[PDB]
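Single chain ahead, by itself, as structure tokens, in the form solved without this ligand.
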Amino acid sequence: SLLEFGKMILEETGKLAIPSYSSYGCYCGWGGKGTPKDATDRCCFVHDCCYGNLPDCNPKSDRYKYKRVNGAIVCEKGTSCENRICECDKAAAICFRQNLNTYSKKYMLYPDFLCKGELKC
């Protein structure tokens, strides 16, 4: 679920999901069009694609379970949707951590009109 993803992000990065990742660049928090602004934004682009791979799942509300094995995120077995949703979120949280070094506050609340063109998943 969005709230779970949010807590996973905070655990991973030390940044609050809202507002650090809820309106960042072209794809974080609301994505759809444009060339991603940086690596962090590409994390969201890929996460959007990941959810897009699951048309008949509901990642905003469906809750999954996971555990930490010495830092590592391990998705635990639920329904197929939950498993796949968890793997998407896990990847994004890792991606955000891997790109904290280039995160830029200038891309927070990035305006929609600077995000143009469709980029295929």
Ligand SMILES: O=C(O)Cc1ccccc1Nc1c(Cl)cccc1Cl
Given for the second form:
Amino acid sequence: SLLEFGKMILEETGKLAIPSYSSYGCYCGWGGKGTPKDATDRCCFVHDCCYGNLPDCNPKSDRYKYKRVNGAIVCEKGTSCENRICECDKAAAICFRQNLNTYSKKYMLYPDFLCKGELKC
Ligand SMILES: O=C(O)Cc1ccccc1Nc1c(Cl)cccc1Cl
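So the form solved without this ligand is up there; where is the form deposited with this ligand bound?
Following is the full complex, with the preceding chain placed first.
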């Protein structure tokens, strides 16, 4: 659920889901349209897509359990949705961690009209 994802984010990037990633680029936090502005934005685009493969699930509210073996994120067995949701969030976290070096504040609160064009998953 949104609750786990943010915590996962924080541990991974040292940044807070809100407001560091809740309104970044064209896909972080609300998604919808345009061309992902950067790597971090790309992470969100993929992440939205991931959630997309689970029409009959509820990512925002279904909670899952996970542990860190050492530095690694390991999703614990739960419902199928729960497991596939976790794998989606884990990917996004690692992704964020992998592009922290290019995170740009000029993309915080990015205005909607500056996101043109559809991009397929
Ligand atoms: O893909 C993302 O960056 C995350 C993302 C996508 C869709 C919806 C919400 C979020 N994040 C989000 C979180 Cl992670 C916590 C509190 C409030 C919000 Cl809106």
